[PDB]
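Okay, here's the structure, questions in a sec.
A single protein chain has been omitted from the complex, and every remaining protein chain is retained in its original position.
Chain lettering (A, B, C, D, E, F and G) follows the sequence in which the chains are written, and residue indices restart at 1 in each chain.
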Amino acid sequence: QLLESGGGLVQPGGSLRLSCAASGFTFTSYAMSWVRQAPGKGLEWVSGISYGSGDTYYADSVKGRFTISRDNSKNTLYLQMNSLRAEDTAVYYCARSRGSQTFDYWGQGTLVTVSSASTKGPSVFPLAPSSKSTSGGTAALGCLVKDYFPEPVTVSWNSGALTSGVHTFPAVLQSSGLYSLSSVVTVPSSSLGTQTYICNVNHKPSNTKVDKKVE
Amino acid sequence: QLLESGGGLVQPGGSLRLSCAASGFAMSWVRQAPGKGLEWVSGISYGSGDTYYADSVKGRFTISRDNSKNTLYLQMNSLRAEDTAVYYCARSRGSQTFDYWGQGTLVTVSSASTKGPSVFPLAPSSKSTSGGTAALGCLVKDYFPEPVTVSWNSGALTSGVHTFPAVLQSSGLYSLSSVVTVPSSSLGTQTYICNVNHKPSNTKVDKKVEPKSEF
Amino acid sequence: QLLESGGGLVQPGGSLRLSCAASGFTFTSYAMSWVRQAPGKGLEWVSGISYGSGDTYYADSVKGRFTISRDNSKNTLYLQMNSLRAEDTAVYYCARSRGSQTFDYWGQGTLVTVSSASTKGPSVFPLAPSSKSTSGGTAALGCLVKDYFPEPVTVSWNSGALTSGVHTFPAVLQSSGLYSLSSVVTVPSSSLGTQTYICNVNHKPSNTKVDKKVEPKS
Amino acid sequence: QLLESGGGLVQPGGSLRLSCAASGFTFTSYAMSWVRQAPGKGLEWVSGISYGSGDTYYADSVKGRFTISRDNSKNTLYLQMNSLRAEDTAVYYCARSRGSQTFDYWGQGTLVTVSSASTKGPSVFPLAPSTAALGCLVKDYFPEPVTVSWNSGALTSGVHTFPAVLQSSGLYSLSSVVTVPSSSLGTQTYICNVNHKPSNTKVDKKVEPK
Amino acid sequence: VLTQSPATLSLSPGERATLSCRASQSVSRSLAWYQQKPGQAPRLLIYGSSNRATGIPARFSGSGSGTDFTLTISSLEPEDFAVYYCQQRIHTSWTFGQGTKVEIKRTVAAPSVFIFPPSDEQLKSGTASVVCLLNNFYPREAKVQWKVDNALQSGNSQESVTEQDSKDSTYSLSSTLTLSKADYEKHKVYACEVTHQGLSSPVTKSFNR
Amino acid sequence: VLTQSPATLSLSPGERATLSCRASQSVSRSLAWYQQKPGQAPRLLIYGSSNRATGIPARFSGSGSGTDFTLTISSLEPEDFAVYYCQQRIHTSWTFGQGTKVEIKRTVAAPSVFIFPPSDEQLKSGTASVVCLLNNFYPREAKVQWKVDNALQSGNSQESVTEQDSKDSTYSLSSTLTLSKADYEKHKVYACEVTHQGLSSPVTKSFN
Amino acid sequence: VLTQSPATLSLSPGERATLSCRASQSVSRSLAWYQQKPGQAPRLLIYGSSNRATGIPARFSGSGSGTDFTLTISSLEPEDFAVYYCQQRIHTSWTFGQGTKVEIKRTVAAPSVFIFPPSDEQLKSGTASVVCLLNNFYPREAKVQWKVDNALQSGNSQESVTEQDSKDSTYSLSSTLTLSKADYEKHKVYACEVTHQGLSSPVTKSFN
Partner (left out) sequence: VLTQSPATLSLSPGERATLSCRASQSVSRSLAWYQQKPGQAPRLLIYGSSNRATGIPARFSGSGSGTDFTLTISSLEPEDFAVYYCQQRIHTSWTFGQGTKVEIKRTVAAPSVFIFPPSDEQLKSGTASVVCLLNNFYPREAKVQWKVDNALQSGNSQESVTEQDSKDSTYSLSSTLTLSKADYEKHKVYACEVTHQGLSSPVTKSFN
């Protein structure tokens, strides 16, 4: 139903123009709105448009910064985000209203980041199974992915072949302003010395791909 | 309620016409020299005529009210260095209190000419930084008009910000200091901007503060 | 009937929010506009908004930079002047429309200066009547006032005593961004060598006062 | 009519999905195509899809690498770009065909870059004026997309922007110079506003004579 | 303006879930409930707390009145474990609550604990970190205490926890101690004590550079 | 959008003033006239070219049609010697003309011409402007040219003219040459040529 | 004409504050008290010391008679930490008492101490200002001394102290040592010694 983009990373004080296209339910037959969620937080309503022309509403927390409109020929909802601050970092979602009370449908969600940090790809620092990170028949091996300010880093093992025993953690924003992520896999200790494990780290906005050997 | 302007910097023996537009309904002016308490200067009765002056301003200050403009005026003549103060407009209640106050207009009497500030960043370097906390800042100096608004990252950085009120040097000019405490881990990842604004001299200086330690 | 302010000196690329309070009229019953006049130019319409609210219009020359709005509770008209160009320097005025075609009421005006130059008080360089800039019975003496970034400058001869034969020129800007002004006076040539002329140059927004002696320095 | 996006930087051998929405003409009434223009080159047709069902066509240069499709419920044209090479770097444009002979309507152009270089913002090194010409050298930024302006757009005349060139490092170097009266030196200073979009790098340099 | 509780709800697969949303002030109107999984947009569960949304299993039922409402799910499947949210329309604004996390109940499982010394690359780069990994444990009540030469550390570490993962059947936790190269090298023994419900006593794992 | 004619109108007080506004664009909308004094907001004269603004003396009247209009003042007073503007409307846009000034007509008169070399303080400061002063001339048609070692200069000078002084009604002009200290010292002879209706041949004043 | 006391009152949040206004003259009437927050115009607290301002919480109440009055705040909140003033009506004039300040009482703690060497541009200008920062300390009794090559400095420094913050309720201090560029160059070791109640032995920070 709702597909969206137009987010990305901007410096504080700057702006981003977010939008969402509708396909299925007629755009022009429903009221539409924007909801945001900061990483690690619950939902916050930002703004929205009543069914009909104009009649635009905003949350107090976004007044003076956020402006909305809808294009009924393009079947697209827009959010103009100006003079942004770090507290505006969130995934924004487009949603279709039900009457005046409920959000019946939701888009996929677009990441909007406001930060002084520049785009930076990750460095990868393997967490070896060694002889000390292994106990009996069970070994723990993994990689620490760090110092990459953009969050959408995808990590898989052995080029997608190893999913079994693989656990990854949500990225965590550090005090430096950069993010870090843990990716570990539990494997038989019997595989050590025979199977090399490869951590395949893919950071989309920085065009960074890192392949590390963990043994 | 009370909207005031008409101050500024004047040479000794000179004059300024100070005024305040007001909503509602006697009226008065009260002045506060930097570091001092509240000195009543003058006032005018509701209706037509009947003005009062403090002895300290007789022969120099004249008060009147324009009832078509709903604007209070104070003609400040033959001014002395001792007349430097913030002059506040206020509205009286009955014969006992001043219920409404304006923001206060700064009036400065001095032989010094207008001069804008120079800004000299105080790097956190790497040696004055301790553990997880770095203190970085800027020294604003050589600006005769005392007022100087300083903010960080265009208002985005408000936490841990300490502004030190201006101090006169032996030169007759003022210096001001503004520092901020930030995570030490952000040094070299993020940079900070000190935004120095001095309206009286049309001076706007944006300095970048970096951990300018070893080459 | 229209009183406005919020003007002043702003940096290039910066902004001002100008405003005007209405009196004697129901604010909401009239449409309004902003008009500007750059030094040396005629009137330019900048923007406008219908009575009630909405239906705003802008001159092409300010689109993307200027926004007009009105506060019907404050009975005040506003102009949000963003990303200002050097070319936007002008006196801004508010005006109340007559129907949809004419402007009947004009406000007092406010000055907006857009400039990178810092505030600077004037330097004064006397123009001597000499024996070479004197002709017959008429001596032309004066002072050149220059490099003062704010235009607001008052010049008075012999501290207000000489009010005749005084010719003051409007200031012009320099390619440097600063302003300069010529102030001269014609006096009987018989006064040279006996009367010293004093040029008092007063610049308010710089707290600068310069008193120069003008002599027939031939 | 042809609203398009989905560009970005892709590593060699990687892939990218481009798309374009119709904005006026009924999408389903016309054939559609993609054309690409490499920097310094002319217009290369890449692919297209006919009015009706399928009947797609590809340029020889992209056979086996590109797939074209269209979503007639979304009124959106799609192009899946796989196994990309450095040679596929280009601005891709969508266009609406007329019969079998012309492309009447064109999109804005979406830039796709294929390179082993990572995203990297510029360093800015002011060129002091010592009429005078002052400016800034913007360099070592791998992504081409870079906007440079003076005084946040308050200064628009006398501005000369020199398209970026590559260094031996594979990184770009751009130059921006503005001519001003020499009498303004020491009275006025100028700000060079350098904005590299994908690296989130914004550098404001103060340029003074020296 | 409304708050939700239990902060965390823990139910065995097949058990009934009760979730509340309560008054802080009076906002009298029916609120709706939504659920969310990480990486996904929230989904509507009910069309107000007296109804059910299309596509939602008929196990989920809203109920309540005035300013105080609940969501009752008669029985949960492993796929109905999500964070639940409340939406209240106040004047003109749409206001969201904090939400209640609902997790799968299972028995108590002590973590397997592993300590990973810093990589040579981190040290060449001038930094260091030590990672304490807790695998396959349940519930998320593990407390991981970093010590250096037996001195308790504080304010210099991060924590991240996974969702309960079905193949693991529990949680994993990653606790990272951040040291400059200098702090790592000045000290010799690194250790971490893990307190958990499945342990007879906190377990300490350790290593010397 | 419409243009005005004459650019300058010169009349004695008591004389009839006619000002025109003419087609540039095919805008069939009646215009209004305004008058503005130096230092003051523009003042309406007519409520469009069909009636009079309340408070304007009944000497003032607008007339015309289509795209071509005039303003007539049956007889001028000293307070009417200002810049007149016309205002049109295009759909939703508002526009003003360039405007025409009504000047007080007086006897033709050549300027007194004086040359003022750079001051010593000015040269020590690194600048060498030179000022050519024209006093008490009429009409404001003076042309002033600077020469250095008798070579004609351009691009290095500025002009400022006063409002006519309603006592004499003569105008004053200040033409400033702006040389650097070095340029002034390298050259030896400075001169300025003045052309005006009241003089028989250009007047040149000079110094070293 | 009435005078107040103590000049400084130090109270914990939740404590009752009493402020005095002492007789100096035989002026008998109910006087009013005012509150001034730093950076703001004062507000009326009470409509004479027998009444309250509309909208003020009934925590603030004035009391007294004749020429001797007090103000009592039944329980302090962060919003009450301000300078308080008294006002009378004498003949026809409005008179304001010097006032007193109420400060927050809290746990004693040493400042973090940071030293900031002069910038190269500050050195380029010709002035060397060395800055010592005391951050987040309490009470405002810090004594800061500058030393250069172990010599104690005096007569060449300035000091500015902030007000108490709204969350921690601590003070910051900026001590500036002003040296000419030349003095900075003559000496090599710059240091500053801090004596505050929270610190035990003087804290010395330094740079070259």
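One rule holds in what follows: contacts are C-beta pairs under 8 Å (C-beta built on N, C-alpha and C of every residue); 3 or more make two chains touch, one makes a residue touch a chain.
Peer 1: Kindly state which of the options D:5, D:115, D:179 or D:189 is in contact with the chain not pictured.
Peer 2: D:179
Peer 1: Check each of D:25, D:30 or D:162 against the chain that is not shown and name the one that touches it.
Peer 2: D:162
Peer 1: Quickly run down the residues of subunit D that touch the omitted chain.
Peer 2: Residues of subunit D in contact with the hidden chain: 33, 35, 42-45, 48, 57, 59, 93, 98, 100-104, 106-109, 123, 125-128, 130-131, 133, 135, 137, 139, 160-167, 173, 175, 177, 179.
Simple rule for what comes next: only the chains that are shown with their structure count from here on.
Peer 1: Please work out the Cα centroid separation of subunit B and subunit D, and write it as a whole number of Å.
Peer 2: 48
Peer 1: Enumerate the residues of subunit A that touch no fewer than two other chains.
Peer 2: Expected reply: 117, 149, 174.
Peer 1: Could you say which residues in subunit F touch two or more other chains, in rising order?
Peer 2: Touching at least two other chains: none.
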